[PDB]
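Visitor: With chain c fixed as given, assemble chains V, U, T, N, B, A, i and h onto it according to the hints.
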Amino acid sequence: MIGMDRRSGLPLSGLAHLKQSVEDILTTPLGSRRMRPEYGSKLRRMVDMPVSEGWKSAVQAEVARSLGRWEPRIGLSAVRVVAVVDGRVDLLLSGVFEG
Amino acid sequence: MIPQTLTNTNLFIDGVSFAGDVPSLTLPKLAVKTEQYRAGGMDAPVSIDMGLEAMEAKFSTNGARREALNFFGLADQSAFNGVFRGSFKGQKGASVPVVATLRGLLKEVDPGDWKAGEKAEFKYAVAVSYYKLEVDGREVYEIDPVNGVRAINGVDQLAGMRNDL
Amino acid sequence: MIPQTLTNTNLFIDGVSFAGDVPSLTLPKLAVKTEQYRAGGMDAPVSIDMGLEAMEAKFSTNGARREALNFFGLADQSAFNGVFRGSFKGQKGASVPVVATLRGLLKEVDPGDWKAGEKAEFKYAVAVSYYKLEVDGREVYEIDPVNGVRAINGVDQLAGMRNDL
Amino acid sequence: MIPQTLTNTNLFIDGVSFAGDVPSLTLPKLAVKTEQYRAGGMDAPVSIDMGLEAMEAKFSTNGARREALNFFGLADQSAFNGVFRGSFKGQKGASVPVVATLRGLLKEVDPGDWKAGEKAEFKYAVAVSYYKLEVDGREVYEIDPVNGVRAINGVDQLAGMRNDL
Amino acid sequence: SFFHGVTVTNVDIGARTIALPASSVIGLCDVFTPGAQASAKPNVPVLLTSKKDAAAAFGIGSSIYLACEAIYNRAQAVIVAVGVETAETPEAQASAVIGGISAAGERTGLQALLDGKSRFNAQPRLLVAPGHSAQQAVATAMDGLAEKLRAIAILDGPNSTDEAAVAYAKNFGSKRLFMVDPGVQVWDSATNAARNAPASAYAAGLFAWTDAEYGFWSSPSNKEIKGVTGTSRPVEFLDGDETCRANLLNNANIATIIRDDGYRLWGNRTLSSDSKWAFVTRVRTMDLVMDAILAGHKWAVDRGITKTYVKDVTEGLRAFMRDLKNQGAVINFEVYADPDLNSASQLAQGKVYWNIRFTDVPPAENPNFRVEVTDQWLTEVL
Amino acid sequence: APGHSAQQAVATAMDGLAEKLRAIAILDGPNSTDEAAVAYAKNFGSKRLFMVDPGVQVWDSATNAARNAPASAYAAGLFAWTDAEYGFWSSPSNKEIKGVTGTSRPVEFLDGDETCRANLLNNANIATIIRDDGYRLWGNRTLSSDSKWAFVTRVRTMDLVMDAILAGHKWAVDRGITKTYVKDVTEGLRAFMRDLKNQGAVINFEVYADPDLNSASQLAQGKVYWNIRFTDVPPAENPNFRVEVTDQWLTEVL
Amino acid sequence: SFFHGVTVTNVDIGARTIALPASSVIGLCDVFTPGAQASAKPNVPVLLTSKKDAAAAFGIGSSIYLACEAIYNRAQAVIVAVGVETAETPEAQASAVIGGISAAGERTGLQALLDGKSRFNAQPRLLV
Amino acid sequence: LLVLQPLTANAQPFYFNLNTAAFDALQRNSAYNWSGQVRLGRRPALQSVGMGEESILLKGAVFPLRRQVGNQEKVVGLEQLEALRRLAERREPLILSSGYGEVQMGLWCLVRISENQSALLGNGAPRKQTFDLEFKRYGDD
Amino acid sequence: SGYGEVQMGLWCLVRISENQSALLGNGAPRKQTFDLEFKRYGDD
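Chains as they are written, first to last, in the entry's author numbering: chain c, 1 to 99; chain V, 2 to 166; chain U, 2 to 166; chain T, 2 to 166; chain N, 2 to 383; chain B, 130 to 383; chain A, 2 to 129; chain i, 146 to 286; chain h, 243 to 286.
So that you can see chain c by itself, here it is in the shape it has in the complex:
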C-alpha cells in the first residue's frame, strides 16, 4: 500500500508508511478524529502517570488494542521500558510484521 508522508508530502510506500501508520494510532486520542470516534489510543490518558509495573502492563494491553483495530499488518511482540530520565520514559515498541 502506497500512502503519503505526514510532513513534506512525499509518497512513501513500503515500511516508512508502516511506521507512520503506527504513530498515527499511538498519538491520536480517542474521539479526536472527525466521524471516527473509535480511533486512536488511550496513551494520552497514560501521559503523566507514575511508571509502576502495572503501568507497563496497561500500556502493553492498550497498544495491543489500538493497533489491533486499525493496524492488522503488525503483530505486536512487546513494549519495554528501556530508560528513565526526568519524566521522559521511553518504550521500545517491538513487533513482528504480517500481511
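Read the hints as simulated data drawn from the structure, not as lab findings. Mixed in with the good hints, there may be bad ones.
[Said to hold, decoys possible] Using 20 Å as the maximum straight-line C-alpha spacing, the simulated EDC-like pairs for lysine to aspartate or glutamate come out as follows:
(1) V/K34 to U/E119
(2) U/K124 to V/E54
(3) N/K308 to B/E335
(4) T/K30 to T/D114
[What the hints assert, rightly or not] Over the 12 Å line for every Cβ pair with chain U, so calculated as not near, a few chain V residues:
(5) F13
(6) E68
(7) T102
(8) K108
(9) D157
[As the list claims (entries may be wrong)] Chain B stretches covered by chain A per the calculated footprint, using a threshold of three residues with CB under 8 Å from any CB of chain A:
(10) 243-256
(11) 357-368
(12) 371-379
Each residue gets a CB set at the ideal place from its N, CA and C atoms; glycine is no exception.
Guide: Same frame as chain c, but now just chains V, U, T, N, B, A, i and h:
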C-alpha cells in the same frame, strides 16, 4: 518476662467442684480454617482467615462422677456448661488465674481399659458451642459460633469484617 | 569451617520480648513445589522449580502470655508480625546472629494436656505471609508470596524468570 | 572380601568444603520403576525395567551455612552442584574413596525444632538432575535423566535398548 | 526544553554491549573518508552493533559501511572496525592495511584488531579485509595475525577465472584461512544496476548467523546469504563428481557461492596442509571451546595451588565440557590432570598441567545412501 | 603515592620506607610506551615493589569527561579487598576492579609465545590490566632481583603471618625466662599456626626451638631463638591445558 | 622467561589407560637404534612406565618398542628393559643379546636384567 | 494478568491482577473442523470444512476480604466479580490482552460466568468466590 | 516416528487443548499440559 507455667488445675460442672478428681484437661484447639490462595503472579500460597474450626474440649476423670455422667447426650444443647481453671505461678509467686468458661454439649464418654490393678479413666469430650478464655481477669477470647461475635481481646473481629464491606 | 550450632534463642512479638518464655521454635519449611517431568526419550523424572509451598512457623510458650494470645484470628492479616532470633556460637566464640523477620497471620492456638504436675504448653502456628532470613547481617531469604519478589541472596529470582521470557 | 564400612564423610558445595559441619548424608535412592507383568499362562507377576524413580539427595547441617542456604530456589536448575564423599576403610587399612558427584536443584530447607539446649539442624533436600557414583576411582553410576545416557559400569544401558529395537 | 505529550523517537536509545557473543565478533579493516560525517579517527578501533553505528562512525558511501551492511543484513553481529586512510599506490595501500608499530605506541591497520579486547570486550573471531585480500601481502598479514588472535581469516580470491583462484590458494595451507572466490554482486538503489561486492564480508555475516542461531559446532556452509544477487561468475554444479566448477573449487580447499546465483554458500574446508585440520569446524571448535572453557573459569589464574585446587578445576572443566557434550558441541570426551608432568619442582613455579581430550562432531558434507530392498530378510525377486 | 611513584627519587624513598615498615609499596610507570616502562623497572629489584604501568582512565561526574588516574589506588584497594575474604595468602592477580573504565594504553594477553604486550610486561615484573574497561589486574611478581621472593604472595605471607603471631605474642617479651619458658611459647607458636593451616594460609609447617643457638650465655642478655620454617601456597600463574581433537569416540556416532 | 595466565597448548596424547598395578615386572631385551630421539645407552637397563617413556627411551621404529607396545596393549605393568646394539652376522647378534661381563665392571645383554634390584627396585619375574 | 476490553473503545476495561480476580488456571480448547465422509470400501475421507469453536476457560477464586496490595486501606470488593457481569451483558466481543507470548489475542465474546460464593457473613457477604469464566473466539474478518 | 514403521500416513490435526497454569506476573505459565488429537486423512 518472668517464667510462668502450670502448677495446679481445677474443673467445675454446673457449680459443683471436681476438687479431687480430674487428672487432665484439654482446652479446645482454636484453629482458623485456611484456604490456600495462590493465583496468577503470586509465588507462594497465602492462607486466609476464613472462619474457625470445630472446638472440642477433652477432660478426664478417674472415678464414677455422677455429676459428669449426668450431662451426656441431653436433648438440649448447652445444658452442659463446665468451667476449666488453671493457675500459672510465675517466678516471683504472682499466680495468674487462667479461667476458661465454655458452654458446649458433652459429646463422648469412654471408660477405657478396666484392668484390675491399673487405675481406670473416664475420658470425656465436649462439643464446644461457646468458649471464653480469661488470662488474668481480662477477657481474651469470646467465641460465639452460633452468634456473630468472635471477640479477640474484647473487640469483635466479625463486626469489623462487616464494616469493611 | 569451624563447627557452629544453636546455643540460645529469642522471640519478639510486636516489639515486646519473650525473654523467659519460649522453649521451642520452628522457622517455616521452605520447600519448592515440584512437578515430576518425565517425557518421551528421557529416563528419570526431573523436578522443576514451580513455586514455593505453604510457609508456616510454629512457636511454643509455657505460660499464658497475653501478648501472644492477642493476635489470634484478627480481621486483618499481617497484624501479627513476630521476629525469631537465634545465636550460633562457632568453635572460637564468634557468635552469629540468625534473625528471621516474618510477618504472617497467627493460625492456631492449642493449649494441650493440662496435667497437674506436668508443665503446660501453648503451641502456636503462624500462617506466614512474609519471610526474611538473615544469617549474620546479610539478607539470605526474602519471600514475598503476595508480591513477585522471591529474593535469594538479595537478588530477585522471580524477576529473572520474566527476563527469560 | 575384607570387611569395610563407613568411617568418615565430607561434603562440597560449589568448591567450598563443609569440613566441620555436616552430620548426615543421603545419596539418592536409585530405584527402577517396575510394572507388574502377569499375563495369560504365567503364574507370578514379573517386574520390568521401565525407567528410574525420582532421585533425591538429603543432606543435613547443624549451623547457618550461607554457602548451603544460597542455592535454595534459584531460577536456573543445576546451579547447585554438590559433591558427596565417603571413605570406607577396610580391615587392612586400605581406605576406598566413595565420591558421588551430583548436580541437582536444591529442593527443601527446614530448620526444625529450635529448642534452647538442644542443637539445631538444617535438613536439606536436593532434587537430583544428575548423579554419578564412583566407588574407588572407577565410574559405577552415571545417571542422566534429561539425556539418554544411563551408564552402569561405564557402558550406557539406554543405548543398548535402542540397538535391540 | 522538555515535552509533556506522547512522542515518537527514531534515534537509538539503549545499550546492547552487555550480551557480546564471544564467538561471533568480527575484525574489519578497509578504507573510508574521515570527514565531519565520519566521527571516527582512522587507525583506532571502534565497536559496532547496528547499521546506525556504522552510519555514525563512518561514511555511507565509504566501503567500511558497505562491508558493515554486508554483515548486518544477515546476522545481529558485533564488529570491531578499524579504518585505513586511502593511499595512491595499491602496493602502498596494502602497506596501510597491514599497519605496524609505525606510530609511537599505537597499533595501526590490522594490528589494531589485536586491541579489540581491553577496549570493548571483543576478542575478534572473524578476520575480513573486503577487497584487500586478493593481494598476498595482506592475506599473509591476516594469516599470521590469526594464530595470535585464535581466529580464522576469511580472505577472498581475485574475481578472475577459476585457475586464477586455485593457484592463488596454493600459496597457503596454514589452517586459519577460509577463501570464497566469486565476488558476489548486490542490487543498488542509487545505481539502479548490479554492483560488485568482494563477498568476503558476506561469509563473515553468515558465520555470525551460524554460531549464534545454530551453534559454533555447526558447519557454516549450506546456509542462506542475504543482501545478494547473482555472482560475478556463473559457477555450475552437479551431482556425481563431474568436471564442475563447484567440485573444482572445493577440492582446491576453496568455498564458493553455488546455487541459484547468490542463494547459498557451499564448502567448509579451510586452506590447510593437514588433513586433520581440514574442516573449519575442526578449527572453530578447537578455539571456541577453549576460550569458553576459560570464560567462567577465569578464577584459575589465582586461588593458589592447594590440595583441592588441582581437584577443583579437573571436574570444573568436566562439568563444563559435559554441558558442551549435551548441547552437541562435542561428542564424548575425557578431562584428567596430568600424572607425570605435574611435579613439585614446577608447582612452586606456578605451572600445573591438565590433559583435555575431546572429539568433535563431523559435518556431513557427503552423505551416501546405500539403498537396499527386501521383504523379510533377502531380495525375493533376485 | 599515585602519580609521584613515576619519579625515580620518590620511588626509592618509597622503596626504603617499605623495608622499615614490612609493607608492599605499589609503584607506577609513565604514561608512555612499554619500552619506557620496562626501562623504569630495570633499576629496581628490591623484593617489595609492585609496578602497574598502564594509566587507568576513569569517568567522572564533575566535568563529565575521562580523567587519568595513575593506577595505584585501584591496586591498593584491590590488595585490601582480597585480604577480606580470600585472605592474605591468596593472589590478587586476576581480580576485578570496580569504578573504572579503560586504560591509557591497550595491553592484552594472547597465546603462542609472541610479542604480547602483557607477556612483555610480566617478564619485566610489571602488572598490567587485561580485559575490557579496567576489568582485571594481571601481576603476580614483585620487582625482585632475587628469584626466591618473586611472587607477591610469598612476600606478603612472610610479612603477614608474623604480625598474626607478634600480635598474639605481645607477651613473651620482657616477661622473665623460667625453665619451661621456651617450651610454653613454642607450643603457642604451633597453636597459632595450626589455625593458619585450618584457614588455608600455609601448607605443612614446623616450629621448633633452635637447639644450638639457645645457650646459657644468651639467656643473660635476653636472647632466645626459634625456627618457624614453613611453606606457602604458590599462586597458579600458569595453568597449562594440553588439548587435542582426537577421533577416538567416533564410533559413538553410529 | 616464563608465562602468566592460561597458555593453551596443542599436543598428541593417547588414552588415559595409565593406571598401574605394581604386581609383575618384565625383563625385556631386543635390538634398537641409538639415535638422538632414543635417550638410552645400549647395555644399561631402563625402567619403563607406559608407552610415553618407551617412546622416549627408545625410538618409534625400534624393535624394542614393537616388542614393548604389545605388553602395554594388555597390561600396564612396569618393564625393566635392556637394549642391545644390532649386529651384522646372526652369531654376533646372538652373542650380543646374551652379553656378560665383557665390560669393565658392568653386565651387558640379558645379564643386565640381574641388576633389576639395587638400581630400580624391580626384580624381573618375566623374561622375554 | 489478562485484560478484557470491548469494541466501543471508550468503556472501562477489566484488569485481571491480584487486586481484582487473579485466575490460576487457563484451559484453551481449540478444535479444527474436519468432517468425515464414509466411503464404502476404504478409509473415510476427511475434509477441512472450517475452523470450529476455539474457547478459553478461566478458573480461579476471588477472596473479597483480603486487603489490596501494600495495605491501601481498601479491600478486594464484593462488586469486583459483578463488574465481570456488567461487562458481559453488553452483547459485545472483547479483546484479550495478555503479556507473555502473542499480546494481540483476537475478539473473544464472553459466554458463561458461574461463581460459587460460600463461607458467608451475616448479611450474606461471602469471603470466597470461586468462578469460572468461559470465552469463545468471535470470528471477525 | 522412528521405531516401527516410519512412514505413517496423512494425519490431519483436529484438537489442541492446553492447560497452562502456575502463572507468572505477566500471565506467563510455567506448565502447559496439552493433548493433541489427530485423525488419519484417507488418501488414495
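Visitor: Run every hint past the structure and note whether it holds.
Guide: The hints, checked one at a time:
1. V/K34 to U/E119: Violated. V/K34 to U/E119 sits at ~30 Å, over the 20 Å cutoff.
2. U/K124 to V/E54: holds, 16 Å
3. N/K308 to B/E335: holds, 19 Å
4. T/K30 to T/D114: violated, 26 Å
5. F13: It holds; V/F13 is separated from chain U by about 14 Å at its closest Cβ, greater than 12 Å.
6. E68: Its Cβ never comes within 12 Å of chain U, the nearest being 20 Å, so this holds.
7. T102: holds, 15 Å
8. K108: holds, 18 Å
9. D157: violated, 9 Å
10. 243-256: Result for this restraint: holds, n = 4.
11. 357-368: holds (count 3)
12. 371-379: holds (count 4)
Consistency with the previously given hints fails for numbers 1, 4 and 9, ordered from lowest to highest.
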